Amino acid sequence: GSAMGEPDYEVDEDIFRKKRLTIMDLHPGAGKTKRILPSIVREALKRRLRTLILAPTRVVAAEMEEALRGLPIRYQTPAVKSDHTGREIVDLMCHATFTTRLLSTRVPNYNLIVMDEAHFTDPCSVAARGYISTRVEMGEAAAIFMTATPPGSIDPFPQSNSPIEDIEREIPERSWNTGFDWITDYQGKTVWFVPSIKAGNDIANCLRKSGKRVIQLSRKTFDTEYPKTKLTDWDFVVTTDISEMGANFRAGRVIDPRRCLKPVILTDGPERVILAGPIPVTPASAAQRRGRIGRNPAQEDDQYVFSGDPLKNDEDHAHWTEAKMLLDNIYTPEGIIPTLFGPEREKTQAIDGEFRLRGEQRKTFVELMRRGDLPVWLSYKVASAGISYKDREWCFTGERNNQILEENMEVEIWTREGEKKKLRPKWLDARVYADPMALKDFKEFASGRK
């Protein structure tokens, strides 16, 4: 047994057996990260097991470090810097980090793999679960999957440590002069989920000129701003869903529009990726966002203010295909190509081994993602055409309609050899051109400068 604070002294030996996948479905706030994880790790070390701990985001990574402080753990994430004598037997990294490692060889032969937030719909995370479950099935490892919302979750309002008041109200997606007093009149601390940084900035600036102390959180502001949510006093946290999971704010209210943009592979005509939306989030995401509050048993009157219903069907989301794209090029030390984790199979109808790439194309694929910063789909389309990483011709030889326009003007690229060409890529992926910043990156790619 254990008290609420400390981790349990007793750990089930069942979970360490090779060929065993433990699924830990426990409601948000049940101490899964802060209690259960240290228990496993402690028992991992005494058992002397080569151990992998996986966190979806730097936010979760950081909440893990607090709970594991003082244990001989190797942190391979910019979120945590700590002293390490390279003889550790426990590694901790992010889901996407592990996957890209798998694609780039040779990875420690882990006896034990702990995947926290094992519902994460990120194509790399899905791909990781395929590898992990395949390692378990070969009797090469034991694994634990931890998540409050395991695949098949439908309940947007799970149980909490404290009563939650669920309120449906219209929520502004931009600035507002009037009409939304309840936002600013509320005396406590608010966590507000936003689908984008630009939207986040608009709302943040809006709240500031109302006298409110606002910290903005996103992939770009994490390092300097996250510690501020912990040790400092503030009124609002405006956040992208970098904070969707694991985050521990001392908050009283979540504001959740439950909307976001979604990459979708279109197969009506020539195949391409658009950014569909804004569309409702899945029940799992909503439950995670609501799960940020009602965590404190001492504090009984927390609130979750939301707009609209979730949408479970995300089968048109590109991540199911992209995961298969990644997984089809991941191999086990024995030579087996992994199969998707059970509950996530047949999310799209892809042939067995349809995305396998041979020799040099695989190299290029990986390089297009890691060096090129290109989405999985685009990276795959280019690589599988037999184009090498540095050959940017495909950025200019697309059909007439693939002409990229910015500010209603045809985008011109000045190449590394002084040539002027129109940005007209053979494959369209709205992720490299929709946001102005993303387009600049892609302009640099087309230039020959990435």
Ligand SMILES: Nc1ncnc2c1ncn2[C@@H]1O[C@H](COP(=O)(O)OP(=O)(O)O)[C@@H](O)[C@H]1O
Contents of the next structure:
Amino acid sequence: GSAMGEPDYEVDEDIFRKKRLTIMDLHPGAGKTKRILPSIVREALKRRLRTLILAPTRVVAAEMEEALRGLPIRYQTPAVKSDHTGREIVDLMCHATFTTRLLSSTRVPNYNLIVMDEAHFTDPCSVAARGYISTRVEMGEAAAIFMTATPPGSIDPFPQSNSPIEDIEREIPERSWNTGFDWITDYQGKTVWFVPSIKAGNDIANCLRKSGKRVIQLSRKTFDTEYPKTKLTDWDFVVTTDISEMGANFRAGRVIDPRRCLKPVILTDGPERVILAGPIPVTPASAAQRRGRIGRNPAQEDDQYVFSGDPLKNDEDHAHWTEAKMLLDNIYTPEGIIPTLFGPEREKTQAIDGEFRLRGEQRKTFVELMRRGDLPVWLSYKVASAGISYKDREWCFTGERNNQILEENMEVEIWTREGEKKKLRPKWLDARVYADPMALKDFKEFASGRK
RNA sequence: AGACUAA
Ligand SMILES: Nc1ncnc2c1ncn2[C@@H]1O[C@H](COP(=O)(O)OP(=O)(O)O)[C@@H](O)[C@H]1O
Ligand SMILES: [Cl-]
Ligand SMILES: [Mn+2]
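Now show the form solved in complex with this ligand, given that the preceding structure was the form deposited without this ligand.
Next comes the full complex, this chain leading.
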């Protein structure tokens, strides 16, 4: 039994059995991260189990550290700055960090227990990690716990909450506004506003600030300084990207959710390429997670979820299913085995098994292009599998005529590290490296040989 | 677009 939001004294022993994968499918705010997780960790320490804890984002990592403070845990995330003895048997890191470690040099510990929080995260690295984890379990080398309110196949955007939620459909602005949206600033509580991009977030926050609103912006770029401010200071709005979609305890009263964002899609008509499609409706799982930021406090009964449009369950044309396979085909168990995707996530795309496996040197290039090059999984794979070395940038210029990149409707030209002026015309097109002006600037640095 | 930045 438990009280006062404190971890339970009692933990089922069966969750620690090798060959067992436990899905903890409990509604938002039930206590997965800050109550159940510490119980598991405490018991895993008593059992002397080599343990891995996985957060999707630094937001969830920060929530975990609050719940786990004082326990001998080695934090491998910049979100947390803690003293480590180097003798810890519990590691904590983000999903993508684990997959990166799996892909690289560099022996990963043989964990006996793996706890993944937000085990539905559709990031290609997270899907890949779930493949590796479920394979370790199946092989008898690990027990694993997958925690999420929205496990694969979830279709309900309005799940259970600790307190009643008032679900409201209204038009929501995507850009600044003058009139017509008084309900936004008339509201007297705290609002978490999900925006599809940092650029849109800047515009909306700037607009809210001219109404005399205290606004905190949250994203990968601002997390380090801004997240503690959501915890320690008084604010009216949090304008946030998907960084905050999961796990956050904002102690807020309202979520504004336009339920729409851009997604990478692989096109297979004509030469294969990646576009940024949409903005398109989010999945029911994403909508339920965003909504799940409120109705979290039983003593607070008038919380609101303001949304626009229906969700779209079908995400099968999304690049993340293929990119997860590209990653997982290149991960090995120490026994030598090919990891398979987590059951519920198999046959999301009709790609043949092991078809993305790279040979030795090409595998090393593949990792470099992602980590050093800041290139998407798909693009890194295309370049690596063509036998191109990390430093050879000729492919950025030898694409067909139609692959010419434009900026402000002019042909982008590169001045190379050796002095030549060349037109940016890559052999493979991935809109993620040219759509956003900042991304294009970076890809221009890459094409120059300055990355 | 968004997230991740570890041996
Ligand atoms: N800093 C905090 N102060 C007060 N209550 C909190 C705090 N953080 C979390 N809670 C509450 O504890 C409950 C369980 O939280 P959590 O473990 O984050 O839920 P889950 O992981 O299932 O979404 C929620 O009702 C939440 O609002
Ligand atoms: Cl909360
Ligand atoms: Mn949680």
